[PDB]
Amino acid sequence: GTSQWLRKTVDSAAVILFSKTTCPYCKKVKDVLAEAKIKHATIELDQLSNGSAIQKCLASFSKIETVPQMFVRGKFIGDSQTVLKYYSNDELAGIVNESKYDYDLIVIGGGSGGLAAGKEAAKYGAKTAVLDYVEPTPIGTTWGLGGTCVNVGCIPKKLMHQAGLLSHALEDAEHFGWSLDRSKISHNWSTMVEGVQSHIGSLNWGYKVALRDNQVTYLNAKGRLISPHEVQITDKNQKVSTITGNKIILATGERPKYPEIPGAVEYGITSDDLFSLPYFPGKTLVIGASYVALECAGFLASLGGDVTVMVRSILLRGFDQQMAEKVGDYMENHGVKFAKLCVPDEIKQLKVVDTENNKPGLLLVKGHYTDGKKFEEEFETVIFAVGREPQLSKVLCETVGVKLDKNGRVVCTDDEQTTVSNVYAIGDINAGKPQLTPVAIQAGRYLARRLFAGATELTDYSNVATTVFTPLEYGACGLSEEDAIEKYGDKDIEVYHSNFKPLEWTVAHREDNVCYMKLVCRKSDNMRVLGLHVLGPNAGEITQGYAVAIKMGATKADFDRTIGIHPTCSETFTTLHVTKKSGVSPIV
């Protein structure tokens, strides 16, 4: 086992040094490498239980057994004397820059995973290039480096969530003694957008400065894998060229879907355009039922918009459906309208968008209900949030041999390898993995360490916690309640649950039995917690820490023997006692 590991480590590392912590000849080579600004991986054999065998297996590559041993791209370079000799003779730089390929690593896609992979690999000497390019939306929207989350995702959408929550802060402030009158305050959309966009712009810039400071070539151009080690690039002026790389990481992500109906691409928008929209949407129709659909409808309504959501079948397919319905009911009771079991057939234009005065157009939406009734109504803006998909045919010449699934996502082993042995995929395009920014970062960074630093640690994709930032937030970790019953049988499942009420809602006179939380547990496994769910303020901050306990296999007794922090919302999890089978009510 040790042997096979050392062979894979030596073959892929760019510059790697085997060492011991207490050896002056190792120090001597380290000081030489630091002086000449040579970046490299370092493995200290005296801090590995396996290191004595490893020190013996290095003689397969170098025919010696002492430390230090320096390797470049699979080739043994020398012990202490030879490296110093290479240095003294002005030979060391040309040896470490020697390669079959232009780059040790080419990343296609400069988003969450792409930039994480690229920065980490550069730290261990891997000569790295990150490629990024933003195909404009149908109306021409575009943005800078950083990928979906930074530019048209988690970041601008949580800040617009914050401004939505500040409306209820203003309401709440009257009851706590502040003098303002909420009903004489209005919201200015473009002022909000300028502040959000300004923060994004500093992220774009910060990422560029990060790549430059890690010696990463950044190319603003479209990448096409034409063979295992050859990537074709087309830049902004349509100039076409080829670069080669030893390892290839695919991190191109996804883009929004449009329903195939007349008028949709012409007259609707998506989340890609919403976050830099120069005008307030006005009376808005959201077509879709995903978490994207509900978060966007949610903050548009809190900023004073007239909002309808058109629901084909159910809300939040794939999430715990009781939690989904609580989520939806909260929105409906605070000014979001729902058009349930409704599908659109057509969008007709009645006014073009007023580019000069920054005012929305006007649209007519025709649809029908399953009961036969026609849907017909006017909206100033129509947003589509009906899914997302990758566009790999534009990236992957099918003759290279990368296996895709029926949805067009890349099939990988559990270390992210594709069916082409030097090509990997991370993030939203990795088939079957949760589509989330921290996941893609963990995958990129861990993969970079396996390739260029001999690491073994894999990314763990199970029981990853999520949060939906609807007006009342919803956090979950683990199995939904229905899936657990599905997997183990109703008799083996015990669900503890309770309503609650934040102390902050008392003086502000908000609802009594609306916030909610439950633990789904397995009876035959010491009451193991299979899934946790909470609906309430600050649901993300509440949920995060419990994810660590659940990863370690927490049981109902672990929740019970811990003591709460008071006064908090999250403490209700430490004193739960009402089961569902008992039939007792969860209310306060």
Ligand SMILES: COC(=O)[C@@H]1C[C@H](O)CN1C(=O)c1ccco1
Second form
2 protein chains.
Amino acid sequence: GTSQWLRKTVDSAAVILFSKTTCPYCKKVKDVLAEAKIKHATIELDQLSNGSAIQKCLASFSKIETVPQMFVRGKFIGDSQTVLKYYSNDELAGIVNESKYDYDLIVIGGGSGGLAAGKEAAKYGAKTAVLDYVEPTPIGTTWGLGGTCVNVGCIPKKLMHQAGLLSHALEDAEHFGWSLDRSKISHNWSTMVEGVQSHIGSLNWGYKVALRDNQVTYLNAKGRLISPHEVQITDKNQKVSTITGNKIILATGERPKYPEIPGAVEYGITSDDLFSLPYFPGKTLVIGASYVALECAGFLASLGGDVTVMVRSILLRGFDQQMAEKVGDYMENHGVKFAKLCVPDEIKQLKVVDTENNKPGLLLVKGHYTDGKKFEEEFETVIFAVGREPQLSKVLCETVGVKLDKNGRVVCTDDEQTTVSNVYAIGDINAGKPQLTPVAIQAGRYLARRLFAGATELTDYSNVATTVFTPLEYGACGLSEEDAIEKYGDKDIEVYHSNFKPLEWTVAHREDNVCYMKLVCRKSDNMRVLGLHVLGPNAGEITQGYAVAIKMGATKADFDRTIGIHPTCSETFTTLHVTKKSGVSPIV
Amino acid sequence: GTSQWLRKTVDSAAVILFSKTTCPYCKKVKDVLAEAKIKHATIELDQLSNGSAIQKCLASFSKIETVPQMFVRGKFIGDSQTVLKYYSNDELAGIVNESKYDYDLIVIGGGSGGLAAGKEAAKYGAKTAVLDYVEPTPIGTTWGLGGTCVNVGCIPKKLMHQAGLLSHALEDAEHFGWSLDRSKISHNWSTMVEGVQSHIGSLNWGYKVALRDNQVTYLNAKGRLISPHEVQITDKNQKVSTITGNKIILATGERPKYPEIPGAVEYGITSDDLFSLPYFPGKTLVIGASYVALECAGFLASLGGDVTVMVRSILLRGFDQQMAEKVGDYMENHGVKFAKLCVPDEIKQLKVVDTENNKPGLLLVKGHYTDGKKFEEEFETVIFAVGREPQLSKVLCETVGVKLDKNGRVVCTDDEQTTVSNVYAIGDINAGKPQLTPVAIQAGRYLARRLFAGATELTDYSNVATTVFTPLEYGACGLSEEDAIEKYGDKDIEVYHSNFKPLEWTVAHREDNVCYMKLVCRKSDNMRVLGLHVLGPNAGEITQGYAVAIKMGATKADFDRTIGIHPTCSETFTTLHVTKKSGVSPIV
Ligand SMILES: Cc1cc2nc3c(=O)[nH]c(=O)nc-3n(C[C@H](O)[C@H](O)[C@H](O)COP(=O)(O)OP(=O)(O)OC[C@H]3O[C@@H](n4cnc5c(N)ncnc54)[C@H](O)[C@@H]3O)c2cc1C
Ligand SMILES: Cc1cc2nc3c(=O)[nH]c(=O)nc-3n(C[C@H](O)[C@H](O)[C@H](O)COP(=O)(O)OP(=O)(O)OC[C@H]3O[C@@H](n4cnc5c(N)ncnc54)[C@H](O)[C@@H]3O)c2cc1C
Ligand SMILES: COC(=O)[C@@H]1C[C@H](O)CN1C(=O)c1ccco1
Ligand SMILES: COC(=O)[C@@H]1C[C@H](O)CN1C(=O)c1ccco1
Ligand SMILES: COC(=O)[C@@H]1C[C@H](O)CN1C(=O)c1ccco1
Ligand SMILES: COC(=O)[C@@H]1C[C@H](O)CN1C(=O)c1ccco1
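Form deposited with this ligand bound, following the form deposited without this ligand:
The next block holds the full complex; its first chain is the one shown before.
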């Protein structure tokens, strides 16, 4: 296995030095490389229990067994005397830039995964290009470098969530002694958007600076893989050319779907458009029931909007459904209207958007309930959140040989390799993986280290924690209660649960028994915690630390022996005792 | 060991039933006991791997080996036929109330620990009395049932902390688009206090109801242990009497100290007085540098006060000192003044408190710096936070034989037993233990279960997490960096660290590099996490979940393989990489 690792490491590393921390000759080569601004990976054999065997195996490539040994793109370059010879004769720079391809790495897609992968690879001396292009929305919206999260996802949506949370802070401040009168305060949508977009602009610029400072080539051009090593690019002037690369990472993400009904594309919008919208949406219908749909409906209501959500079947399909219903009940008691068991049939235009007075238009929405009854109502804005999909037929010629699944996503091995050996895929287009920004970043960083620095660590996709930033937030890690019961049987599942009330809500006169948490446990495995669920303020901060314990195999007993921090919401996890089987009430 | 456990369980349980879940005779005895309102512990032998051996050992007390077997205060009462005989002849109630003492348990002290212990014991049939008396402060302040945390500690202090946090929420709301003008809003101290005190009143009442519903005798009287089983009580009319109890739990807590200088007791106040103060303190000097001192100074500043803290040597002695300095720097940049290396010599009265106009008085404070230079300044309120101490000479006759340490706290074994075999001590008076409310509650609950239900689990006092609720909060679990280095040597310690900026602070234009976190790790033990530290918003919610992982022995690798939740502050722990040895900057 050592010999098989060494061959794979030597073949794919761009520039790599085998060394020992105690060798003055290695130190001498390091200095020359640093002085010449030659970036490289380094493996210190004296810090690996496998080092003696590795030192012996190197002779299979170089015919020597000593350190240092420097390699460039699979070719042994020399020991100390030889590297310094190339330096002194001004031959070293041409040797380390010698390649069959233009780039060691081409990343198609400049988002969460692709930027992480490209920056990490360049750190070990891989000559890297990152391609990013943003196809405009139907109404023309576009944005800068960074991907979906930075521009039209996690970042603007949580900032708008905070704007909505501040409405309750203003209400609570009177009870805590502050002299303001909440009923005389209003919200200005365009002032919010200007502040959100200025932060996003600082992120766009930060990414371009980071790529420049890592010597990464940034091309604002649409990429198409036409053979295993050839990428056809089209720039902003429609000029077409081809570049070559040794390794390819596909990281192109997804975009919103529209339903196939009249008026949807013409007159509706999606989350792509919402976060830079120049006018307040007004009376708004959200079609869909995903976390995107409920998060946007939630902050629109808190900012004073008249908001309706149209639900085809259930809320948050794929999440614990007891928690999903508690999430929606809270929203429905705090202003959000729901049209349940309902789908749309067409959108008709009554008024065109007023681009000069900065005002929305007006629409008539016609639909029907599952029993056949009719839906008909007017709205100023209609937002579709009915899922997201990739469009890899635009990215990937089918003759290259990259296998896709029934949904159009890329079938990968557990090290992100596609069915073409030099081509990898990360992020939302990787079939079967959780579609989250921290997953894409970890996958891209770890992959770059395996390709160019001889690392072995894989990304672990199991028990990845999540948080839904609805007006009352919902954090989770592990299995839903119904999934656990399906897998192991009701008799082997124990559920501990409790309501709770944040101390902050007492003087503010908020609700007694709305926040809720539970632990879903396996009796026959020492009461292993299979899933953790919490509905309450700051739910993502609450949940995150427990993700480490669950990764380590925490049991109910581990939660019991750990002491709480008081006063907090999170401490309620350390003293749970009421079981669902007992029938005892969970109320405070 | 089984035989030794069984004897200890039988001797101390008040009412206990040995049973099996599948026995209809046991079910029949259970029903009779439930119908007669006889509370008891129950041990189901079929759910213990030790059950066959226990069944054999019971015959050493009862001369029978079958189930059910019912015991009262160490005496075997009968099997099925015999218990039903006593029931039918109306003899059972007198048998189960037969005792050498008035009470199975007397708890001296009605606070966090004592209330928890008393309620848990009563659940297993122990006849329990809880004694609570609140000696008034020098100026006359007193309060109701619940102890220091409920009335003059964690609960009011965090509610006042929230009042102060809402001042920055009001400032931030303008940047997020809300139409308020922060500079025209003021705070009303007395309106805040009225709301805080109404919540506290609901807790006082909740505890009296809970004791009544658990059949616990509540005596509002001062207790004194005069022999191992005799408690002398003095009531509100100065009437003196004696009650007896089998087991005794001491849970009397501590009170604030005053420095031995002229004017301190006469003219200053402490945290005991602050949380119900009828007037705003005005220009305020806080003498001390504990977490109590900095927490009170912090919210007083955020509520508009002119506040000075006088520091004898260092801030937060006993906590990580890099974190302590970051905590104080933030307070000093946000309005709190510090007089460093300074102690007071006297307090002189210039104006008496105006009880009718609802106004503070005025004082002249004279002190000196450690180099000899003089301090002299006028303040309206002077608050001493220079530590807390017990006064067990008032609680405990020295002839009883309970050993105290040099600081006046009770020397206990690892099951909370004192040097007198039937007397135990929990909470802040237990020598050497962390002085926190969740520790006192766990100790009291677990102890009651060992005494009266045959449990074996001990309280684990190691690696208990904490949070200091200063204006920017500080959470910690495990060793400080300097303690880790002292124990293991600098060469064996690695520290990963990073600054961070909450997403909420970006649009609000708050500081870039003030929030900070670090992990203190042991190289020679697989990079075990010895301590975790975080300075930022919601630090107690952040820290709590990680306490479970640290209890389980988490390593740096466990933090690395766990994926973050985005966008959160807590996720920064999952991607730490900059080491202190590297010298690389931790800034964003
Ligand atoms: C509204 C919303 C809210 C979300 N909130 C969260 C949240 O709170 N937390 C969380 O963890 N995740 C959240 N997500 C998910 C997160 O945004 C994604 O998981 C993440 O952005 C996926 O990263 P990626 O690298 O796979 O792709 P992306 O970030 O989508 O980047 C792909 C990039 O490649 C570009 N591209 C596409 N085709 C080509 C081509 N042919 N040539 C060149 N460039 C191309 C795209 O235009 C895009 O810029 C949210 C998503 C949405 C829609
Ligand atoms: C300002 C402040 C803030 C704090 N904040 C926190 C925080 O955020 N988190 C945290 O975990 N901890 C906090 N603490 C600590 C916490 O309050 C204590 O650890 C906890 O209250 C100790 O519980 P106890 O049962 O040991 O005693 P106590 O809660 O002090 O209860 C003892 C009771 O017994 C009574 N008593 C005394 N003598 C007698 C007698 N002879 N007869 C009858 N009754 C008697 C006392 O009057 C009192 O009512 C704080 C403390 C202070 C002072
Ligand atoms: C997951 O949610 C549900 O399952 C509930 C019951 C129903 O079947 C679907 N549903 C809702 O539409 C809803 C709206 C507000 C609260 O719940
Ligand atoms: C547990 O975290 C996940 O992301 C899970 C993992 C699994 O693959 C299905 N899944 C999701 O559908 C999801 C949640 C939010 C966006 O997608
Ligand atoms: C623990 O704190 C310290 O150690 C610093 C340095 C000094 O020795 C003590 N000290 C402070 O008084 C202080 C005030 C505001 C920030 O720090
Ligand atoms: C780690 O948590 C603790 O409480 C530690 C444990 C240790 O006994 C010393 N100690 C304290 O002095 C302390 C902190 C807050 C109040 O007291």
